[PDB]
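As a starting point, one isolated chain is supplied in structure tokens, in the form deposited in one PDB entry.
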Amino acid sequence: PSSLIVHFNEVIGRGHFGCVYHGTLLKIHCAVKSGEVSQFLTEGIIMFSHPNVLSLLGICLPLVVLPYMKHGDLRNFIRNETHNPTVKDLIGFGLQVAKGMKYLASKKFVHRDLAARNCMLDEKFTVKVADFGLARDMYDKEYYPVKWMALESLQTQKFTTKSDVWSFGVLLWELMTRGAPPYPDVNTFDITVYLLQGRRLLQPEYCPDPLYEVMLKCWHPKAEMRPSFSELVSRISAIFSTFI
């Protein structure tokens, strides 16, 4: 009621997220917006919270308040030449995404657009998985940006947690290339054809061999054979621990 100062003359991220304003919650910096909303927000009201997931701070009377993220796009952050993240930091960012995804999958939620441009970074360098309206609760069922999509989703329009695992592999690839575009010489229509030819993304220059074998496991032709986000958190923790 009297615990929110809202700056209606100051929008976050130059309009790239719509009308979202700078706020101060009683002093915490925040993002303020005024049923079509993200399902993670409706879950945080009715049900749901994780440090690696961008979620609701609260509701004010309506005013939907989320926390402020200094770097609203992880893809932009790793692509900016003023930042020089190490191979250990980039693997660390991926481990955080896998932690948020392991949590969301336990909640039976399917993201459907897991990419580095849909992850945010704050001032303490903590990564959060954001949803812009595409994630769905799968409830009791086990199913519900073509270059990040799994082969069985391109062919059938059905999404499962294992199709998110495929996208996580492309996110890992984006991380090791510091924001390079996947399949740069391929058109989005012939992606299914390009893949069915027996192809996958090439191993980047600074991607350690054990991390590339993990990306290949994520892109396994059979969805049921892909590792879970628990196995990915386990496997990536070990690789990360080998670096000083």
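Positions refer to the first chain, counted from 1. Basically, rigid core = biggest C-alpha set you can superpose within 1.5 Å across the two forms. First, how it differs from the form deposited in another entry.
- When both forms sit on the same rigid core, the CA shifts between these two forms reach 2 angstroms or more only at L134 out of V87, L151, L134, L95.
- With the core held fixed, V11 shows a CA shift of 2 Å or greater between these two forms.
- The Cα shift for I236 between these two forms, taken after rigid core superposition, is smaller than 2 angstroms.
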Contents of the next structure:
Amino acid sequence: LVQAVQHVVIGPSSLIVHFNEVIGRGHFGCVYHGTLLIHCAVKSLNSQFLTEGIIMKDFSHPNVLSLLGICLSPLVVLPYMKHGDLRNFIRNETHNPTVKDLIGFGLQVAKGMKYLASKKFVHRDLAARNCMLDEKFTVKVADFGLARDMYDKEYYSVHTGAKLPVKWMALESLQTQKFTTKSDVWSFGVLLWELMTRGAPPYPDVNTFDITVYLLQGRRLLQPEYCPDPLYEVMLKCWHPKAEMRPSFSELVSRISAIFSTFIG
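Based on the form deposited in one PDB entry presented above, generate the structure block for the form deposited in another entry.
Keep in mind that what follows is only the chain, not its partners or any molecules around it.
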């Protein structure tokens, strides 16, 4: 059996978990502050989940959340992310990110997704709520592999039994329930829109499963007030009806780099 957990196991003598310090919550379990013998986040789980998520051990990229290990109700040990999720970060009105900052965040997400696409890995739930910020404000694509969960149940709906983030899903995934790198690209465009609105909910006048017909009618998210025309063009390409006509993440990194660079920090 693929218990490659073996290589990833943190012995019981190497992890102190602080169960009184809940720093997060998912459908599968809580996240606790821990001490790895460094600071860390420790996600509780409550076979197929582990085997399908354990690939993340091989991943290392600055804009992708890494795995520190598994301790054994097994515990997934992840890097501490001081500034929480990206969506809450930008909704905090005590801080005013610049437009350059916000595009910067999307550029970092694009870089993380470029890496994951180059490893032939499909995220399936890319969204601002699922990216995390560390102490240096580096954005990490998260909520995948052993970190995979629903961290905000408002935005997931059932339909097979799966809980689907319908307002981030590509048109073909809404029809077929199948995901691909190119459906991640669709989601990426929605995340960009989230960034430019500082975390407004998409399609707020559309009841969850009325989204499919809305998109079939030839309709899309409207251009945010602070979103520059070239970036809205990127968003619209990301939501092309034909998957293969959507840009690659490599093209997105390049084009968003250019747009980012035209702004004053």
